[PDB]
Amino acid sequence: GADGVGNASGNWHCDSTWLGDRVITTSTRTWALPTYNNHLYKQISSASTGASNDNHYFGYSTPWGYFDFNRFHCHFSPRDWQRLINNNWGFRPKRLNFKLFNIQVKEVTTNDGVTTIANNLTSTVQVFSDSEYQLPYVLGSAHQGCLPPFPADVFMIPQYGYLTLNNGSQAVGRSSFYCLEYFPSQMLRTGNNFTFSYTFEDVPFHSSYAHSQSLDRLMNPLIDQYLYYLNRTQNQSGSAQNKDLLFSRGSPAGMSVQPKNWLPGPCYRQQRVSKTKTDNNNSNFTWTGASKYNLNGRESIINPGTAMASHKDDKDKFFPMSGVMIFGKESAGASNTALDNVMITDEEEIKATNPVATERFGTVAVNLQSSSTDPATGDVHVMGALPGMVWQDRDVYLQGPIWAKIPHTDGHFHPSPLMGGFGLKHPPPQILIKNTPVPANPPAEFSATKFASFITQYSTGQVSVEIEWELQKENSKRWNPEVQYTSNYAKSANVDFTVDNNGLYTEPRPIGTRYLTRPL
Amino acid sequence: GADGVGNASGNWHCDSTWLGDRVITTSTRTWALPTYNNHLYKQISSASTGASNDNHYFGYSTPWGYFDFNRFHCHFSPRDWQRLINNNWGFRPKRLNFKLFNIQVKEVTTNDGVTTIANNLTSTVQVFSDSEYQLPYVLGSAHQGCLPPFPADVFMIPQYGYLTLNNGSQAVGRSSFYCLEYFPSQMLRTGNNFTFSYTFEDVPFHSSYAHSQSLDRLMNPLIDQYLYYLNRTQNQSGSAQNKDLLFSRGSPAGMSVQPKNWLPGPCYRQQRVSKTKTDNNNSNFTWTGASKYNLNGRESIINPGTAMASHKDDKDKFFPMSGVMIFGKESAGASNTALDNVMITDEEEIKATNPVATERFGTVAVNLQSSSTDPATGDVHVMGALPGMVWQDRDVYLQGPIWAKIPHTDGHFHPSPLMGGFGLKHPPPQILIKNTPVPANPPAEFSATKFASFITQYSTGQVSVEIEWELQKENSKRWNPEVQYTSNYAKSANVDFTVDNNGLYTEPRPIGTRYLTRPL
Amino acid sequence: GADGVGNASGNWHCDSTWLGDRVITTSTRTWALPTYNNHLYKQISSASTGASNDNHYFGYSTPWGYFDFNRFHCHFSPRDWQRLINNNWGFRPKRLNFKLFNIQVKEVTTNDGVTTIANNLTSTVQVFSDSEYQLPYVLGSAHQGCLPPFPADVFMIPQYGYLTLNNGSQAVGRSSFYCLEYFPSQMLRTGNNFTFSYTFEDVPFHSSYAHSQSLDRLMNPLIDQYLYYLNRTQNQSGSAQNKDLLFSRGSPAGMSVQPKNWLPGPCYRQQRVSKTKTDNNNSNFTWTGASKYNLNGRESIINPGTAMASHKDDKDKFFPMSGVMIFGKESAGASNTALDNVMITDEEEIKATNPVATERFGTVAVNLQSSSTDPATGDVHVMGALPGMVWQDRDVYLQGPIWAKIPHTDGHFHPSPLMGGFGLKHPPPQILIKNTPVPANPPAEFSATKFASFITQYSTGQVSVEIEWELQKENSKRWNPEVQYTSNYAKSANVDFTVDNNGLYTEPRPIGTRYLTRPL
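Quick mapping for you: the protein sequence lines, in order, are chains g, E and h.
In terms of PDB author numbering, the first sequence opens at residue 217 and continues consecutively.
In terms of PDB author numbering, the second sequence opens at residue 217 and continues consecutively.
In terms of PDB author numbering, the third sequence opens at residue 217 and continues consecutively.
Source of the hints: derived by calculation from the structure; they are not laboratory data.
Fair warning: there could be bad hints in the mix.
[As the list claims (entries may be wrong)] Between beta-carbon pairs, the in silico distance windows are: (1) E/623 <-> g/641: 26 to 34 Å; (2) E/267 <-> g/734: 55 to 63 Å; (3) g/310 <-> h/313: 34 to 42 Å.
[Stated by the list, open to error] With a cut-off of at most 20 Å between alpha-carbon atoms, the simulated EDC-like pairs for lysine to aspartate or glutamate come out as follows: (4) g/493 <-> E/590; (5) g/666 <-> h/546; (6) h/258 <-> g/661; (7) h/693 <-> E/723; (8) E/459 <-> g/348; (9) E/707 <-> h/723; (10) g/493 <-> E/723; (11) E/689 <-> g/661; (12) g/545 <-> E/460; (13) g/258 <-> h/417; (14) g/533 <-> E/460; (15) h/491 <-> h/532; (16) h/621 <-> h/397; (17) g/258 <-> h/546; (18) E/545 <-> E/369; (19) E/689 <-> h/690; (20) E/693 <-> h/723.
Ideal placement from N, C-alpha and C gives every residue a C-beta, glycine not left out.
Here chain g stands alone, though its shape is the one from the complex:
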């Protein structure tokens, strides 16, 4: 496709269409692309900064921008997310369709505060997709600059930059420098457009259900087992205490002691924290007493950690210090900002198979009891994989990420990205875009020295993403009604997920998926 200047090179397709076991989301947004790094690649590092062994880094910043739509609210509207959630046991991405169009390249001259922009028709913008995955993958890091949840919102394209191997503030020989001009890319003038398609590999359905049973309560409450266990090791004959070995068979009465077939999910304990400041130990323990890992000398906090239930029982006032998803709030700030300005996610429905994050996994025997030595018991705070273990993965949220690239390694384990979502060996590729450098008038005599005088300019276009999602419909024989996500029927000053008098789109709370119930 391509036709003159005065001819639109694409239309506005923004819709969702539901088709039984599929749903097709289509989003279009208007974007703006600044000319980054004044056309330059720059070496960047932590050198001559606040330092901190655990915060050092080496890398480069590119003149390139990139497209990001790795966020559910990029595709589903609240109402749709509602439909999805309330009626489906699962879902996953099948097909992807990307279109880039109505390119407009503007040039801006600024003379004495008086700053004026005009059309540079002959100017070109470059785009290409890293289909071979040869560039460092940054999409799976939950950065900013996705498509706005609200269709009517214009957005700015994020600048592309990447991290290579660092020995604190310094690079090593095996460190990689990538030049994006060393890729074939398609050049567009105002009449041109770019289009491209992708198919998702076979990933399991995201579990948008919650169990209506719990691992420990899986038996028939009305029947005894044919199995036995050691009940008493000291008999009560009014003789005070007197050795003995007494066994009893599993009973409804004593469920906690019946032999069972499975174990709860793996565990890596986290520090508890209360939402009401009072309950909390004084002092600053966010780093000091936070669970973290030690990679080549530097520590990094295990943030969303192994998928564990957030709080036990009623105590909805607690949460793992760094083991849940915390979302912004539009009005929230950089680094200050109180609990009133964020939204914490509650991973409640997985209590049925997963260990609670703040409490321990369980208790282990630690010695060889005998007449002369007492039986001892240790607490187990970290629990790796065990044959017979089962579990759920972290949920996904309307404001959450969708997929991430499984790292290319000799080995991995249940590669569900930890922030939640779809783990793909070959994820939707990165789409790189960039304004083509337009030199200002050069000297009237030749000069070898690098070129520095560029006509400053930026670009705007529309972008369209279409995704085909496969639904896994619900087959429930549950007699009683289910829990559904609903809006509050009562009167109110504002309507959830709308704009205010100032015209700002706002997302009231995070919304997970797990409402419907399957038995274990």
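Assemble the complex: chain g is given as a structure, and chains E and h must be docked to it using the hints.
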């Protein structure tokens, strides 16, 4: 094949041929086979020896020898190994071709120091392969008696012996005795020959690359996250200390604290040791304080352990006490021998995903903090499998082993052999060889008693192994040059990997594979 | 091809693809073309300048710019140049593909320091290639203004000028004046593009190998010759001295005296110079004592001269005063600049066949000895071609030139361009470009006088060059590893061949091709 006495039954095929995505190695060596155990199977154990509960063993020794080429330098010359390494992201074995020929059976009579050897033409040697895997598999134990790296070197065939079930120095009812004459085997005279072929199962490519990114530095250095975390639990208002809950969003400034999707590899910590004797604690802690496992009462040191980085940062002077590969050095001895006489392997390139072996994995929350109890932090020294972990496996070396038989078990986990290499459910089968017993003159009257008088004899032949290796070529968009294995250009008394004035082949250092760089 | 204003007339093709015995490099760069000499041809000479008989010149300067990509780094990235070098005994250019596109013609008016640029759509730029080689060829002179090594770098088109016959500051009858408008050239507006293809003649592969033997050491160290020579002309009988004629046969003991079949390469001696200022004779001898040639009254220093080894043995501190390639260094200057700001090339691997440049070729008999006159010996400092001679040519460098036009002469000798590279009778032709003159408003009444009022304008576009290189793969039976170009594995502040924090691309050192070794 078979033709008279004066007719060669095979040629000398020793070559390597490179074919884009394949390489075919062919090695021929000259071998010598002694008549072992004077034709006898012997029961063998630790009984009436130095004992030690952890060293007891019951087993048998056979009159049979066996062929072993489970060592890269059996097939690749240095130059080739260089080619392999410097240009390929991976590789693996496809097809195997084994030929045995030019059989010569010599008889030796020795009368009064004057010891003379002559040709026994009518003498036979027996050979056969354990195709059904019905013999105890000894190839995957890094023993001696492989094909010499140097083609011109003659070698002696290892004697075959095995271990069955032992209750310290004693056997049990379920212990197994195998007789190798209870296998059909092919008998060869001087004109005969033995040939055989095998195909490898589908194993992943060995990762002969190093990551040009690290698990913790995977984000876009230029952009904030849309995610938040608990930054301060106590605010600084000049009020000394005053509770509070403050959150901030992920920043390039604070990478160690940004939520991430993945975890570093599993961990089983090892004791650190310095190459310069000074730095080390006095005393003998090699066993005393070495990490080890407890199997049925007896302990065994976890030698090459879980694959972990050998030393952090610059500190190339340290190494895991028993968590790296140590190679001989020709002039090295049995059990004395200093560091000057061995070669220690540095697993450095895997720092990017794997925990360091000497340091800890990370830190875990260990209590339920509150106003009245301080937040506590434990060190974690052992780390099992976690959903979301990724890792590399130990590298392989030119002098290293190539494959090992995955034990036939009801369950296993990431069955990469721990010393490095290819884990095969059905590996190249064992090739058993043996000189056929030739009785000396018997009594002139019959005697039922066991035969003991045998003409002493040995045998020489050539052996040829041909292997077809599948390469996985490099697809890098890295702009800057890579790290290559090179020889030192500068003048020198000796040339690496050659013979000396005395004609002894010598391997200067171990050579791994990981030189080229793929992003994560 | 050609389509409206708002339609890109070409894409960004910048890639390398490796195909067994071929490699295809494709480069695209963004260029800027000034309007040179204000649209005028100018006569130029050395008249009324500093003079110097050896620096006089007559010629002309043209309004035309020209494209130059005669430089390896125009096509190969560092990593690629590494691949080429480390694995191939040779290589050469086969096919050429040139495309010029996305033309943009800008007009610039400048009124009171306020200088503004706009699009002049209807403006045209002229391009054509000297396919018949009728223009003076300037590409083979290692001038500036080639395509930048770094893809992201914008560059300025060199202005075309040429030299004709001069009798110092003056021209002669047979001097030639060439008008570039007297060539058919294609005219382009913003929507037009220019394309063109070329096939290289058959040139020998460049020798990207080093010999693993030397001319003098070609014999069998274990065997005598059957040849004899005159060993002693005076016998030692204790008789002090006493005539005689004694012959011995060639021995491994005396290799320097054994008859041999070949001679080392030709020689034109150069002055030695030390990198450490101390070692050097005081005084300014760069011209005074430099080797040079005398062409029609004027002297010119033999710069890169006959191909000779740069320094003997270990002495890497010396170099031929004007017999090696010296490269800039980005930060280097016009004419000041110390050794710290340049890069000198070491022609070391050719010691094996070529004379050392600073030392003498050898020694010659110079008289007819006899009883009454002593035998005399002269030093030979210049050595022409001799039947039996063999040699290598100067190597080529990643920053070095690729080809040069063999002068059209009645005769030449081993026409390998002296600066290194490929000598072609018909090299890639010169591509001339130029902005078309656009007159400003003329008088309202006719005037015969030459037109002087031009709207000032410049142009920008992309340029693409694609080259198909034929590889000569290595067929080595060397057992030991080879020397490879590698990057230093150790930590560092900067990564070789990248940009710094200021975004400036920098080339660490020169890189030659000769790493692999073929026997003589």
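For each hint, the structure was consulted:
Evaluation of the 26 to 34 Å hint for residue 623 of chain E and residue 641 of chain g yields a pass: the beta carbon distance comes to about 29 Å. Distance hint for residue 267 of chain E and residue 734 of chain g: a CB-CB separation of about 59 Å, consistent with the stated range 55 to 63 Å. At about 40 Å, the CB distance of residue 310 of chain g to residue 313 of chain h agrees with the hint of 34 to 42 Å. For the hint pairing residue 493 of chain g with residue 590 of chain E, the CA-to-CA distance comes to about 15 Å; that is within 20 Å, so the pair holds.
Restraint check: the Cα-Cα separation between residue 666 of chain g and residue 546 of chain h comes to about 9 Å, which is no more than 20 Å; the hinted pair holds. Restraint check: the Cα-Cα separation between residue 258 of chain h and residue 661 of chain g comes to about 14 Å, which is no more than 20 Å; the hinted pair holds. Annotation: proposed proximity of residue 693 of chain h to residue 723 of chain E holds, straight-line Cα distance about 18 Å (limit 20 Å). Under the criterion of a C-alpha separation no larger than 20 Å, the hint pairing residue 459 of chain E with residue 348 of chain g is inconsistent with the structure, at around 50 Å.
This hinted pair does not check out: residue 707 of chain E and residue 723 of chain h have alpha carbons roughly 28 Å apart, beyond 20 Å. A threshold of 20 Å between alpha carbons decides the hint, and for residue 493 of chain g with residue 723 of chain E the separation of about 66 Å lies outside it, so the pair is violated. Between residue 689 of chain E and residue 661 of chain g the CA atoms are separated by roughly 48 Å; this puts the pair beyond 20 Å, and the hint is violated. Distance check on the hinted pair: residue 545 of chain g and residue 460 of chain E sit about 19 Å apart at the alpha-carbon level, within 20 Å; holds.
This hinted pair does not check out: residue 258 of chain g and residue 417 of chain h have alpha carbons roughly 42 Å apart, beyond 20 Å. Using a Cα cut-off of 20 Å, the hinted pair residue 533 of chain g and residue 460 of chain E holds, with the two alpha carbons roughly 15 Å apart. Taking the CA atoms of residue 491 of chain h and residue 532 of chain h, the gap is about 9 Å. The hint holds against a cut of 20 Å. Of the supplied pair hints, the one linking residue 621 of chain h and residue 397 of chain h is violated, its CA atoms being roughly 23 Å apart against a limit of 20 Å.
Proposed proximity of residue 258 of chain g and residue 546 of chain h is supported: the alpha carbons are some 17 Å apart, at most 20 Å. The straight-line distance between the Cα atoms of residue 545 of chain E and residue 369 of chain E is roughly 16 Å, inside the 20 Å bound, and the hint therefore holds. Under the criterion of a C-alpha separation no larger than 20 Å, the hint pairing residue 689 of chain E with residue 690 of chain h is consistent with the structure, at around 18 Å. Taking the CA atoms of residue 693 of chain E and residue 723 of chain h, the gap is about 18 Å. The hint holds against a cut of 20 Å.
The structure fails to meet hints 8, 9, 10, 11, 13, 16 from the earlier list, while all remaining hints are met.
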